[PDB]
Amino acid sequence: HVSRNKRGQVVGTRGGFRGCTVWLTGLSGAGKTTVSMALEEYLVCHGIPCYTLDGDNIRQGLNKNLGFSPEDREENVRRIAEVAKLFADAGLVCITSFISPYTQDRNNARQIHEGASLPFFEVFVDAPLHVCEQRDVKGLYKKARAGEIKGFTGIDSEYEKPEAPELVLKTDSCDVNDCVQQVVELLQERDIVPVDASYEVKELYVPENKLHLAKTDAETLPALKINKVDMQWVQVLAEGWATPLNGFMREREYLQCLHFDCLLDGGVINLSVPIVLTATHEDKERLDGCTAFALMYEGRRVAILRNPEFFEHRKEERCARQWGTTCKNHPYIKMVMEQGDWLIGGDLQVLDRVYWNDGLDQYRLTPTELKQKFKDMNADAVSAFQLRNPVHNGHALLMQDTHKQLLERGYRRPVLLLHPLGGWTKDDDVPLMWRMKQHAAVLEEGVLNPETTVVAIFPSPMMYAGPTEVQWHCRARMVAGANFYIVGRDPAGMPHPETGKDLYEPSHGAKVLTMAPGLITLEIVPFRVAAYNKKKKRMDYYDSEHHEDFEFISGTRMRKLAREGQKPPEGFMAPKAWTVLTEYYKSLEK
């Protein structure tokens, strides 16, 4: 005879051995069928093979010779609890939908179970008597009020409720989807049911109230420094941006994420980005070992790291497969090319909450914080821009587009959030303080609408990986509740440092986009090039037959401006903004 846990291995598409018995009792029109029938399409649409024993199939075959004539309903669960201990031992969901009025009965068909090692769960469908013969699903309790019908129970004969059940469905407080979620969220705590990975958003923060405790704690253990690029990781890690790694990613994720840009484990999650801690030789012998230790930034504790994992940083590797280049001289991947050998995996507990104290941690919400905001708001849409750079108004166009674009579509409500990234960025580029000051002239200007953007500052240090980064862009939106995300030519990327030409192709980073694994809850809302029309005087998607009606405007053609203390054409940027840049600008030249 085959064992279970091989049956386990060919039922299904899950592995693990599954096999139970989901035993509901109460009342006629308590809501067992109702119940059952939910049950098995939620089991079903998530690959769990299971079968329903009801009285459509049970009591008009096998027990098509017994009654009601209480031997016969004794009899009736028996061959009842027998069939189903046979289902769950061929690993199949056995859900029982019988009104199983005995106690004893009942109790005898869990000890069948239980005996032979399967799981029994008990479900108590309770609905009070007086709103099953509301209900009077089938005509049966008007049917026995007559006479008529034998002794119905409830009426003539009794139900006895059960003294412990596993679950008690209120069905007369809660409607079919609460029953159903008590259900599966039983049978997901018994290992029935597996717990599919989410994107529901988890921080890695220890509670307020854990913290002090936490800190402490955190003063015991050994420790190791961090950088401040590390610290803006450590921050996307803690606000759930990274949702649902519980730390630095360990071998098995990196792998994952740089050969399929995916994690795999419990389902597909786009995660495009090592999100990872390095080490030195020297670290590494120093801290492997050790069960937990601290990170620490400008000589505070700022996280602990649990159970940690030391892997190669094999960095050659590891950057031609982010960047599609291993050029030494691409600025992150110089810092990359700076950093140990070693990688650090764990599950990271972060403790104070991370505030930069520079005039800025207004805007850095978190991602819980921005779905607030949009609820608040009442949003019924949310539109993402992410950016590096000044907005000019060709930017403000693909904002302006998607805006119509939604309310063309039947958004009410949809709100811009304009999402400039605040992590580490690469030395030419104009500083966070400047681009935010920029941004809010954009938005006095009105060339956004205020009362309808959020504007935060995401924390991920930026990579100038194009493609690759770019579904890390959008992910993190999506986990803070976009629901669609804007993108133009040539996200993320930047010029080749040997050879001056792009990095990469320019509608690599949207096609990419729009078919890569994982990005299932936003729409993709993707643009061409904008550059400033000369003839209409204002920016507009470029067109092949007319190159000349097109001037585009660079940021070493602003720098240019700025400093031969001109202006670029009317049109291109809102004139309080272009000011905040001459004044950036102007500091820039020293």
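Numbering follows the first chain given and starts at 1. First, how it differs from the form deposited in another entry.
Treating the chain as two rigid bodies that shift between these two forms, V11 and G247 fall into separate rigid parts, each C-alpha being assigned to the part whose superposition fits it better.
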The other form holds:
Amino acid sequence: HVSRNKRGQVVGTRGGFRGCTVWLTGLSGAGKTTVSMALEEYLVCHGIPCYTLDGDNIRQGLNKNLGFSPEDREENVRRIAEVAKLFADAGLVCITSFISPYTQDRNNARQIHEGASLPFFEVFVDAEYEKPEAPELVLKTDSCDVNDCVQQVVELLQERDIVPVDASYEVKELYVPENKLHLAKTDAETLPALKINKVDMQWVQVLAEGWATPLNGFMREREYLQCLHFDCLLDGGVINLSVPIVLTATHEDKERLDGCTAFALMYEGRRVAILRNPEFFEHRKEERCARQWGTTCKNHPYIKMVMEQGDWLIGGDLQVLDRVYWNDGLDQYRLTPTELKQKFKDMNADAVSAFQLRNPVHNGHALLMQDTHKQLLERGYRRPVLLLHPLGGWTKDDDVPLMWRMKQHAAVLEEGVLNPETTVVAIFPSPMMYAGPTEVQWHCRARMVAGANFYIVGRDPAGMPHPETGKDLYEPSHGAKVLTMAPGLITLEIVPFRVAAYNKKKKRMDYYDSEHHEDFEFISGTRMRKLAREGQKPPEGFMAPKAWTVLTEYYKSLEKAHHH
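Having seen the form deposited in one PDB entry, could you now give me the structure of the form deposited in another entry?
Shown next is a single chain and nothing more.
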């Protein structure tokens, strides 16, 4: 037969052999049944195949020829224990729910398993029964609600390496350990230096914090090519990475540095990282832009930056020094993927849904977030958390600045449109590229690294008007169509939505409908700015009032940037 290890690797979606038996015991019928069913739902919800043995599938099948004689009851428990063992051997978490009153029979069931090196967890649901003398768990089901009870079981299974403690992709930070920093800064001081700009420093941050795991630094030619042609890294496994994470260089700088085994990156006169074992390769700007954006339009605001950069790229192993902070009053929201994962744990989340943003949050956005939350509750998640995740790297000139967005978002939560108790507000450090279906994959994969389990996507993600025509640069359905089928995003689920707009009839935000076109008022950023300058407000229900007020303040400051 195939080994447990091989059988393990195909059983579930999660990898590793985790066969075992969770053996409930105790008088309480409702207590065992509520715990077994809730545990089963939890396991299935977290990608772990399981199967329950109870009265409803054993009594009238395998044990249909057994009655209430002492010998028949003994045989009843024996048969159940042997079948539980076969499920555990198969790689499933087998849950059994029978009173199983006698120590002898339970101890025998245990030996059937431990004898075959299969974990056995005796769980006493405590509400001529013989109490277990050393159960792995005691559940006081009359005094603790079902969800606490199930959490006690999940914790045991985590303890015993059955349920993964954290089943997102391991984050690879590129920061030097803090006890090695002073030495690493001293080392950096002896190296040649290459001055970088602010956008470059933001990409240093993206790498440092692990958002581009498993990169070891700025992309080498091999990674750059896999990215541009396939939207994935390929070496050692397929993982989505659809945008170049590169450092540019002029011909002059390449000539100065090619040959060095290491150099420092310098931002605002400070040495912020070391690049080791560098490799210099051609940028090829037109080809990059065409493949990455689906256009080479010179007035696209990110492409404009790329076009002014040098003709070389430098790949290498990046060691970033001092933790990157910007000291602008928003560092409190700049959580790393590791910090986000600890936050979700502290909140006891059992699902994390992520929402990428570069604009003010209106109640159309909120609709997608609210309906996601409802969908997760209905699927069996008990404590879903929303990761409201505005982007905070470079953005284009007419976007609403980050500080104003963060103030607006704070007003939306203050008004209760989103619940602050089940929402984490954090800033994603990447520059924004405005590359539509190519970029949405990057936005999604970054959140995956940070432990998101569900990624919300709507219409025209990461898009903008074509600078020459004013028509949409990208077809507005493509971002969700591409993301739903994109390779290398296996630890999360994409949750796609139709566009939401203000429905004049219902006086609220709702999903757009082809028939009923005229019932819908679409309100853009341009239109918001126009309304504000004439002292008007969008329709009631489009945006939380306090959050609209923040925007009037922004628009007033823009107007100021006079007769009296």
